[PDB]
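In the form deposited in one PDB entry, a lone chain appears below as structure tokens.
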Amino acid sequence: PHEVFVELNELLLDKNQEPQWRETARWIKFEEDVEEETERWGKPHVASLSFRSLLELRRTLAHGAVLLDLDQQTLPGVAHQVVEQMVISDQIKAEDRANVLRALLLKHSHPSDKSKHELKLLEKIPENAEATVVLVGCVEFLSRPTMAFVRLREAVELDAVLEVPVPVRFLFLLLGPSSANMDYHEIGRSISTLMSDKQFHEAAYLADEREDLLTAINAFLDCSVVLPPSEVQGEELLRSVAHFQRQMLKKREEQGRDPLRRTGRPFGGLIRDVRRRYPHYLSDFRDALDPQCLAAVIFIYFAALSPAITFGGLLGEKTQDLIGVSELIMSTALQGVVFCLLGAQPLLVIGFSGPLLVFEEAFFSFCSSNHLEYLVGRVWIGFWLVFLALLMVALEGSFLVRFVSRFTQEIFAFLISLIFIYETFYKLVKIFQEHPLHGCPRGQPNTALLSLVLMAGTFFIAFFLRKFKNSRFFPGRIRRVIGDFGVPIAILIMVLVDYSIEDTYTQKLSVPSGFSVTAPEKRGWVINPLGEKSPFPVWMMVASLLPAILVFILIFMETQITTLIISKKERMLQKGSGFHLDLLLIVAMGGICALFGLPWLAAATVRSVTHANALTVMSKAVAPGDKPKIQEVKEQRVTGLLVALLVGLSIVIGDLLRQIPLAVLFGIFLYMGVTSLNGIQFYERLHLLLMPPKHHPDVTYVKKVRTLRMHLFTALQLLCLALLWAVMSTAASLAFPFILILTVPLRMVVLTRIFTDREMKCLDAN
């Protein structure tokens, strides 16, 4: 039981007709060949071998010389024993001993003739592996081909046969005349592909006699596929060539023979989470002393600051400056420090979200249309939120996230993107009416077109940098670093361009100077739950439960979905999960912060995923040609605390934030809206509605389902989304969380009634 590294050496004249042994190929997991006219290693590929070479090898292996459990530790002795066994096996006469022995002892040469190559290659080779050398060559002083196979008792590192220091266990000799129409390079390639797979080398390990090696090659042959002699193009191999192998292998092997659970005790989930996460406390403050940790704070800081200022600008221009940039910054800083010191999943980034923005819009519209204070109703909403969070934590109910499937999540994401796009286009439509494009802040000449130019420029700069991040240019290290700084670069470039122009007027941000409210003449710092100016009605202190339930539904959905996605198993997350503590902390802080007139926050799934990806380390000991794998994720609660502190210390520099026009922020808004459409399995199904059935891909939800049924599924999803969008534009746009809550069981019951069970496993895969 070991791992094998195989290398093929051939007898080829180097420069001055000296014989020389030259390396030609190398097998770790996949074959790599050396180009003859360039002398450099090619790309890895599947070792495809002919069938005549296999028969020639099988024919010649029967008459070969076999030596088992040899006791030599140097090439002299091994070669002498091999020659003696050859001459006593009636393969060569007693006159060719000297010439064959001379041919055996020569100088091996390699293309990369411990330097950098050995250090780099020893990483990709497994930790403790044993090596094989295949020596094949054409000899003009022989009559018939001769073969020898040896297995050493103890692994021995030979002097220079191999390019790297790996102990050698197996040797293969094949010398013969150029006649008999035999291709020795192909036979060597066949032997090296034989010795580089698990079954054959395991069978060769406990091999006692000659014919035990013929059974192994017979078993190798009845496990492979055969391709007929005809092909034209390259998309014909993307088909079953990879599916046929898996199906046949599964047939061979088949014929060859939690943090989400109701306990029953009150607050059981809290106790389990606290006793699972908190013991490993001092570790989270120690694994932060790494270069990667301090290189992730900057990008996370920018990615958390840009949406904060954008959403603050939109809220300030919409909420009559009751809540603006300063208040969002204070809420993000205050609630990002407490969570990262007490929460059980410090990889979540707490911030504002689109659904919360549209709910605030709807509640403001409700309050204005009925002449009620907007900041004293939020206090009672927060109180009821605190009560609701306590009650569901008390009776474990976080298992309800298991009932939310892809069907609802994709509708949610699509609606969020649509409202972002609508907001951006509404803003520019409104710009062109304040400043009409007539002849020679109500009549400025060059404002509307310059706003359009800024918005388009900041979009098109971030688009072609997200594109560049995914490309193949530059070193991979630097490409990843530069491609990680797209939005700040676009914002800085557009701000500099706008600052160069010193004649035209454009709207700017409204951040104030020092620790102050955005509207000091309107509100103070604490909102008394009895009425700022007029007394609050006594019938709304009780009837504020419904908006509390709706906002709780929104917060629960986003936070629990984020915690589900982050805690997947493919990501090596080992410390634990916070399904019950995170929700309690988030909702309690959201309820308390409403007393001071600050907004509610959520989990911010995309930012959390970005933060999780910037702390992963990829294993470098991966053989060429296989995909990279996650080594581990560095979990700690220092980077989140630092980001929360840094976001808070952005009011003291509010002088540099007043030079930023609103058009740049709305361009970044639209860029975030369009880019989020990727990754949801509803956008491509909607793309499939316009292509002919010949061009549909080979994804799992296409091969198993007829076209019309898939189109029916997509039509039902579109109908649900359109019904959700109709309610939002009316004067009763305080029920869309209820509409999603309705589309959950509607989905279950009705779509179970219509579609079969087999179809709802590919169209609605978990």
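Numbering follows the first chain given and starts at 1. Only residues modelled in both forms are compared. C-alpha atoms forming the largest set that superposes within 1.5 Å between two forms make up the rigid core. Compared with the form deposited in another entry:
Core-superposed comparison between these two forms: among 248, 561, 595, 482, the single residue whose C-alpha moves by 2 Å or more is 482. Core-superposed difference between these two forms: one segment of three or more residues with every CA shifted 2 Å or more, namely 474-485.
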Second form
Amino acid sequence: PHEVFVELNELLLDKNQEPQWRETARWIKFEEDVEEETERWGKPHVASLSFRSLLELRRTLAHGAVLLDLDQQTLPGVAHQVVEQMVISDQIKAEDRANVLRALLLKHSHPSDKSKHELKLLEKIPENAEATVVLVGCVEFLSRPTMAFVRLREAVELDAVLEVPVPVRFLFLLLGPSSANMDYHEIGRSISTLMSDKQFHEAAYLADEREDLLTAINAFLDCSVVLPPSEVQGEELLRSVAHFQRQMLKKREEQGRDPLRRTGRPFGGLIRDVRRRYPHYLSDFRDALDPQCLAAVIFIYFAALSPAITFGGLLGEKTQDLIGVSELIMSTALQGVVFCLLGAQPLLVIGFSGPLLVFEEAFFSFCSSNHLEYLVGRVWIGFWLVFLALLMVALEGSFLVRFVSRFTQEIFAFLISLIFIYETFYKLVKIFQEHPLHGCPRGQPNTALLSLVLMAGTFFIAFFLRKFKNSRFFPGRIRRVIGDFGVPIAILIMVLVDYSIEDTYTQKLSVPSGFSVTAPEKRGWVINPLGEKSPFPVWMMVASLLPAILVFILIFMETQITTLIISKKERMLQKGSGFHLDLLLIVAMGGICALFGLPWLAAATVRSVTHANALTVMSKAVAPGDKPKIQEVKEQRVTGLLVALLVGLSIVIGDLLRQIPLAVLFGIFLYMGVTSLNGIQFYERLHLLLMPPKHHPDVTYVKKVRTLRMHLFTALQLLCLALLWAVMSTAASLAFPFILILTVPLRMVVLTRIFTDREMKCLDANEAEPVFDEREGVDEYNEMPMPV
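Can I have the other form now, the form deposited in another entry, not the form deposited in one PDB entry?
Left out here are the partners and the other molecules; the chain alone remains.
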């Protein structure tokens, strides 16, 4: 029951008319061929063998000779008995035992002639494999085609017939005249393909007579897919063959033969998730003495720093510099270090996200209308956030995440992706109104156009760099560690270009001097929970619970959707998850930090996935032509600590971060908003609405359902999204999480009556397939339908 490595040699004349047995083909899992003109290995492909060759092979084995359990060690030894019983049993007479043996004892030459190629090829083969050599050639001095099949009792390594030092178990030799109308190369290919299949060598092991070999051939024949003699003209061999083979194999085989579990005990989830990860604590600070962690932490720093200033500049601009970029950087370091040192899932990198920014900008306007302080409302919301977190954990309410399906996960992403574009365009339109474009700090000549030029330049540089990265010019291993390295290059290029111009004016960032708040005139370091400049109304210390529920829903969804995808069965995450502990450590820490005037934090979905797949290592011992598979993921909690410490220390360069114009940030904002739309199964279903049915794709949600019903589903999704967007534009904009949570009952009740269970299974398919920066045009953005 071993693995078989097959090699097909041939007897072809050299440049100096030397017989010189030469290697022709090599089978491990799929066939590889050698071209005569370029003498290099080709790409692997499925071995498509003819039928007359199979018929000829079955016919000629009737008169062949078999040597089962042969006790020799060397090729000269085995050849003597082979030719002896060859002559004994009819084929080739006694007047030929001088030249047939001459052909067997010859020199074998390979094209790639402790080395490099040999070591690589041996690595490709499984560790414990047996080898087989098939020798076919045309000989002029024979009469009829003769065959000999042998099986050595003990696996013995030969001298030079093979390509790598692997012992042989079978040897198949075929010699015959060229007068007979037979293709010997095709017969050799057919017998190699037969020997390279499981059910044939598994019977050759147990074979003891020609009858067993004939039965094995017959049983192999009645499992194949015969193609007609019709010329193929393109993609015809993609609809039938694969699905037909899979269906036939399934039919032949069929007829042939929980962390999210309620326990009824208060605070049981915390105990269950702390009794697993913490025992393996010393294994988290010692399994990171490898170069891959050092390589990763360099590029994770940029990926964690770029959103820190992009989301901080807008927050500082909108809130009149009440919460600027300094607080966002300082808040990430304090919570990140605590989460890395004390958390259960250290692969999560926490940071400010999109929906939190939208909620903050919606809440800021609500306080301004009612003439209330903004910092104290946040701290009073923060206190109620801890109570809900403790209540939810004690009752083990984290199992509700199973009820959030793909129907809700994409409307949210589409909304958050439209918000960014609207914000960017509105900001541009406003800049074009502050400074009119008339002739010869308002009323400046070249501020209206310079901002547009910078925004377009940074957006297009980032877009084209992203397009270039996902191409054939980058190897898979270098494409996986590099976590979207286009933004740090576009920002640097635009800053360098803007630095050269020293005559015009443009708005810059608001980084302060030293360790101090961005606006050391309106607030201090601690926020008084009773009132800073005027008493806080007593009636909103109990009425602030309502926004607390909405922000808790947002944080809970954003944190629990990410953790499910990170910890799957396809990814080799072995130690343990943190479903219950992570929520507590993320909601309590943010509620505490809300006192010192710092924003809340979330799971940082895309950054989390990039960090998750930047530490993985892929298997190297895989057969060529097969899809790559994951081997193991390095689990440690020292790279997150280093990233958090570097982000925190990145505040000491405030003399450099002050030179960044406030237009490159909006260009990056628009770029992220545009690129977040990839991977959601709503955008392409909307694209399909503008195509003829003949051009529709071959995805799983078009073949199994009718077109009109799919269009109806898309129309319902559009109606829900439009209703929610219309609600958001009003003065009750502080309610959209409630509408987002009022769409799960709409799917469990209303949407179940219209559609059949089959269409719900086909369309609402929350299954997902992991990506590892393979193929073309697929990156970490395609993994999750959740926005950035």
